[PDB]
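Could you put the whole structure together from the sequences, leaning on the hints where they help?
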Amino acid sequence: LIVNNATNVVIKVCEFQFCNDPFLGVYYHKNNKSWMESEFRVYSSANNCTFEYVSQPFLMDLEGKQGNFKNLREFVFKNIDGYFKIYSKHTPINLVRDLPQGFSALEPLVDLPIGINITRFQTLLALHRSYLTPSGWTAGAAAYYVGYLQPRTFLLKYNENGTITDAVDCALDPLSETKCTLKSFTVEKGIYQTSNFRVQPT
Amino acid sequence: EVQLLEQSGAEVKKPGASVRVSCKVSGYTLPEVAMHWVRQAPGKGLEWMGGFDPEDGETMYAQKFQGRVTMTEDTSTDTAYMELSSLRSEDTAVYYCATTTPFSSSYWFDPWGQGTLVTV
Amino acid sequence: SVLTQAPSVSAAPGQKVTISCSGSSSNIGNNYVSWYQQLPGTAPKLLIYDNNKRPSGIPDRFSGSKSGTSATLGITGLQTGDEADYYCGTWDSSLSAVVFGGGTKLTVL
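Chains as they are written, first to last, in PDB author numbering: chain A, 118 to 251, 256 to 323; chain L, 1 to 120; chain H, 2 to 110.
Only true hints are included.
Under the rule of at most 16 Å between Cα atoms (straight-line distance), these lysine to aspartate or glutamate pairs were calculated in the EDC-like manner: (1) A:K150 <-> L:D53; (2) A:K206 <-> A:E191; (3) A:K147 <-> L:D78; (4) A:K150 <-> L:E55.
Simulated from the structure, these hints should not be mistaken for lab results.
This is the structure:
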């Protein structure tokens with residue numbers, strides 16, 4: 118259970134009861150004039166908990182920009198060998214929706230002892246309440266991007282400062298697999314022998 | 001949107017008593033929205049009472065009736081108790097649970113509590 | 002209470018006639034006005050808020066206006082079920098509270 122707050126994300130690895138339509142409710146306390154977050158609109162029970170952690174907020178704003186950034190935010194989640202590691206990034210994007218041609222390098226945030234297999238999930242939300250107008258819900262608009270990982274061999278080009286720009290998949294096309302043989306992003310004019318192929322049995 | 005719970009129920013208290021009024025809600029949580037109270041005497045008009053102040057954050061008390069009636073709040077159980085004291089002649093009447101919205105300037109009392117008469 | 006409106010008013014059905022409430026600058030002048038309806042022994046229902054705004058479920062046939070210290074509640078398309086008392090209110094900074102008028106019980110003739 119990853120919960121971002123105003124401002125201490127309290128990562129949680131526990132045993133919960135997640136509702137049929139889980140998401141974080143947000144309301145107005147009237148005491149100290151602060152917008153709290155009701156966290157049990159996500160899940161009813163919190164008990165048995167195995168792990169807990171807190172860090173500086175992964176989700177972060179900048180704004181003042183009237184757009185032209187959109188603050189494109191990416192998070193990679195990979196669960197292996199007892200370490201489920203989180204990755205992040207923040208990028209400006211001027212395009213209406215979809216992604217540019219640029220490379221996005223994601224550093225590992227925390228490498229945590231998770232030890233559980235995660236086969237399924239859903240995201241979380243922040244909504245609020247409104248008052249009499251012709256209850257209020259679905260603040261603004263929400264959309265995001267999801268894709269699944271896969272084992273692949275990449276050639277990684279670090280920079281003088283170690284900032285990876287160009288990465289190339291080997292299996293992407295018969296052309297991409299040869300660049301992994303020369304290890305170079307420059308491919309000199311000529312013929313190169315990429316890995317062999319076999320006909321397979323019916 | 002929202003329906004409420006009743007204001008009291010039927011509370012009949014002979015002279016020499018005093019009565020709390022516990023108004024609960026449904027579909028909202030208690031301290032996202034402010035309550036209010038109005039005296040309504042049958043065959044008569046409205047007299048506002050109790051109430052919360054969007055400004056200054058205080059829970060208001062009608063100056064005319066100030067000090068005789070008090071209010072407390074239990075946020076989780078949504079129970080807001082209106083205790084009126086020192087029964088008098090004309091003070092038996094329907095006292096409505098009403099609500100405004102902390103955002104922002106709302107004077108209007110919004111879905112309300114069906115009414116409860118008291119007894120002196 | 003501290004405001005001005007008559008006990009009762011009467012008109013023929015299906016007609017167009019309104020009801021007004023006379024306040025002061027200390028009450029209606031700087032503040033927004035609301036209007037309420039109650040049937041005998043029933044739950045007083047919000048009619049119009051800020052005099053220009055209809056709550057959910059209100060016939061559009063109702064309107065409102067604020068001229069100086071005077072606030073009229075637009076009442077049109079009279080119905081046989083429209084007989085009831087209408088109450089004016091607006092925020093008061095004088096006693097710093099909520100005020101109302103005595104109420105005006107309409108009668109559809």
